[PDB]
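We begin with a single chain expressed as structure tokens, specifically the form deposited without its partner chain.
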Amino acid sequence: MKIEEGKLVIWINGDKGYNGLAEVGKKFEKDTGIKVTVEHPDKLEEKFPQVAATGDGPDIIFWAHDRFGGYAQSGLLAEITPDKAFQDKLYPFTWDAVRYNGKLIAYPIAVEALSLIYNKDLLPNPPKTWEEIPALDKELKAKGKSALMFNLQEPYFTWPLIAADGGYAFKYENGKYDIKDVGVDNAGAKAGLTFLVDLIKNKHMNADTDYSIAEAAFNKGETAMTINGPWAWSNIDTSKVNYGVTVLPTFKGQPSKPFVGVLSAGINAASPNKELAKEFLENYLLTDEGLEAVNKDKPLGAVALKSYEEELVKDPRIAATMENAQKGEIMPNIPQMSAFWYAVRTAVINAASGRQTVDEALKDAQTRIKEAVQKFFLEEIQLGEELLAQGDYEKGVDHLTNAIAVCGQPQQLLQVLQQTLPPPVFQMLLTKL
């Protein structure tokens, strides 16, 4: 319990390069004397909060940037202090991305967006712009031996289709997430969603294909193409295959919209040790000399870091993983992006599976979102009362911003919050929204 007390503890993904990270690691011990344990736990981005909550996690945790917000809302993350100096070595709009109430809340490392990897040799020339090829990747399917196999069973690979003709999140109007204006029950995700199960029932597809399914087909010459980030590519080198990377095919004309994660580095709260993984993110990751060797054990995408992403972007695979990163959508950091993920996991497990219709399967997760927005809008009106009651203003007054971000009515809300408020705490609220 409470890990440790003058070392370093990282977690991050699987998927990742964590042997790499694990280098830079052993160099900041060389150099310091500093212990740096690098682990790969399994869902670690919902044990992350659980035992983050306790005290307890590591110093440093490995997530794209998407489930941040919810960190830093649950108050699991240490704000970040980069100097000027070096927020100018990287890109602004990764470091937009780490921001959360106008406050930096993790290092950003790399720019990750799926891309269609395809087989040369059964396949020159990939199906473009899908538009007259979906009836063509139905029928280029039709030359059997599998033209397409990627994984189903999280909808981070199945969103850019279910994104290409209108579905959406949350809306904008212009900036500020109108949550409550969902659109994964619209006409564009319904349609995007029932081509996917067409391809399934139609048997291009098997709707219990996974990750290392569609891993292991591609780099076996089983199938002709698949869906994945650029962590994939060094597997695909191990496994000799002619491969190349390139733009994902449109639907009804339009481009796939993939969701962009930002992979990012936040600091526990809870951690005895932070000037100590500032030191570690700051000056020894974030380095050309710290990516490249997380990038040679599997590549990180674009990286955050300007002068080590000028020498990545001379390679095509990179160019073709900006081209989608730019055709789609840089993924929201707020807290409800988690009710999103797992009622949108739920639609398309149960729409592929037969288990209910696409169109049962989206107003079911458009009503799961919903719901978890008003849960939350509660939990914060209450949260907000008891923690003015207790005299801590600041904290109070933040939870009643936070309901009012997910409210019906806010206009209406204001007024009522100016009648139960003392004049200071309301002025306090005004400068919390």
Contents of the next structure:
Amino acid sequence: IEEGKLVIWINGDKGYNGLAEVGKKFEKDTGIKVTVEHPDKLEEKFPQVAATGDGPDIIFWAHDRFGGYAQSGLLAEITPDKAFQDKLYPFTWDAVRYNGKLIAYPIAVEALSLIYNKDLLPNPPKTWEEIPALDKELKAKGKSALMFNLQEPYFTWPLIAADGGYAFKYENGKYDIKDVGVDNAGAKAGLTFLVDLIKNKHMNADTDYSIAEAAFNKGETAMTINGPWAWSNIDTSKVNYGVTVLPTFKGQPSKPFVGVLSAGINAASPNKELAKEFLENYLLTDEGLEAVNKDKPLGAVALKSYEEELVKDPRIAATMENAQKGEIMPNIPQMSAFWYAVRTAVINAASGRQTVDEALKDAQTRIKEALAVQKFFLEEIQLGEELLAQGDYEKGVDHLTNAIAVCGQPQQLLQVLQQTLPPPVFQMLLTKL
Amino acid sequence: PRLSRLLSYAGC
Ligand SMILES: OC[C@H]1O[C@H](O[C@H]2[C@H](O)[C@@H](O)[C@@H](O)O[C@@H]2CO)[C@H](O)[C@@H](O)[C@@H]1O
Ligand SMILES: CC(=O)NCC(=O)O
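Can you now output the form deposited with its partner chain bound? The one shown was the form deposited without its partner chain.
Below is the entire complex, every chain and molecule, led by the chain shown above.
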């Protein structure tokens, strides 16, 4: 990473040009060029590159990814004093606190809403159960009721959670990672409803973000499900839209997972002070947030002074009504496993590769299996290393062999062990493999 | 951090 410049990654659905405007203000005032990039799959690319000391100085994503980044040592602990922390809502700081340390700056609170075309649909449905018949009526006029991104489970989650699906059970401030709610009766009921819509040709399994956005913005579908960022392109399209509460399912509110868009500093950045100056003094100001927001709306921002303005917008009132019916995501490392497993279940059930029951059963099994193996691997390395530091060689090596046994490609692990273990002990270990 | 970087969803 280059000293004396800032490189920023943010997702391509957000106001990256507006963020670049903040970057030009920063460059005007300071030495310092700010390059804003929006790589594809940045939330996967970041841990790959930052593990080698490469990547952006600053990473923007929802807070759910950040505990895993911090666990891997990829993020700098951030350094705001009390006066600065008091400028943002306390719950936003909670979202970026991990093992007692703040690991990112909160920017804005994101929740999905139902977005509808008021000319096609002056009174939108209050329930999921109403959607099939509405679709049939719209299909007779060459329209459809609903299109949204089925390829990312973020957009189907509110329906899965409605009647009781959950990721990891909340226990008095902590998440219980042994208590997974992906294959429960409520999760199965909501996904079954979505998959029946598809079976009966009221929705297409292949619909993705850009298909749905184009359909809505061209006046072809009466409804979509999307976040605040999407409102700019609908403005440009001139569709007469409303933003409202998500439909209920079996009388229960849909429960979106709420994201706090957050900015982390790469642990390998040589520009940590410049990143702090940019984030605290340029971005997290009314003017900085306004520049980004004008490009693509942020949602409900973390910065009190600017949020006090935005709450007057009826679209933000709707976003907050949906947020309050949902739950703030965990930031724990296990979120990555959850999302990969549920993504697979949704796609497989929607496509007919699996039944809903089998898809979610398998997702639950995959999450719990991944977490059990990780737990065992880490515990056995620790225990083996601890026993070696005490001179019980035989028992120490036996535990290290158990960890290696549950690692399919142990070359990197063996390189790490070769750096810490005395050579005679590493040699002993090699003979057990 | 060093041991956590050896793991992914896909495996080790
Ligand atoms: O679909 C799983 C996915 O959900 C969330 O990603 C959201 C993100 O929070 C939004 O800001 C916006 O970009 O849309 C994304 C969905 O495509 C989680 O934040 C993410 O970790 C997860 O993989
Ligand atoms: C070294 C340590 O404290 N924990 C293990 C890890 O970081 O991955």
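We call the rigid core whatever largest set of C-alpha positions still superposes within 1.5 Å between the two forms. Numbering follows the first chain given and starts at 1.
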Could you check which of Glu279, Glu139, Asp359, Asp210 shows a C-alpha shift of 2 Å or more between the two forms after a rigid core superposition?
-> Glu139
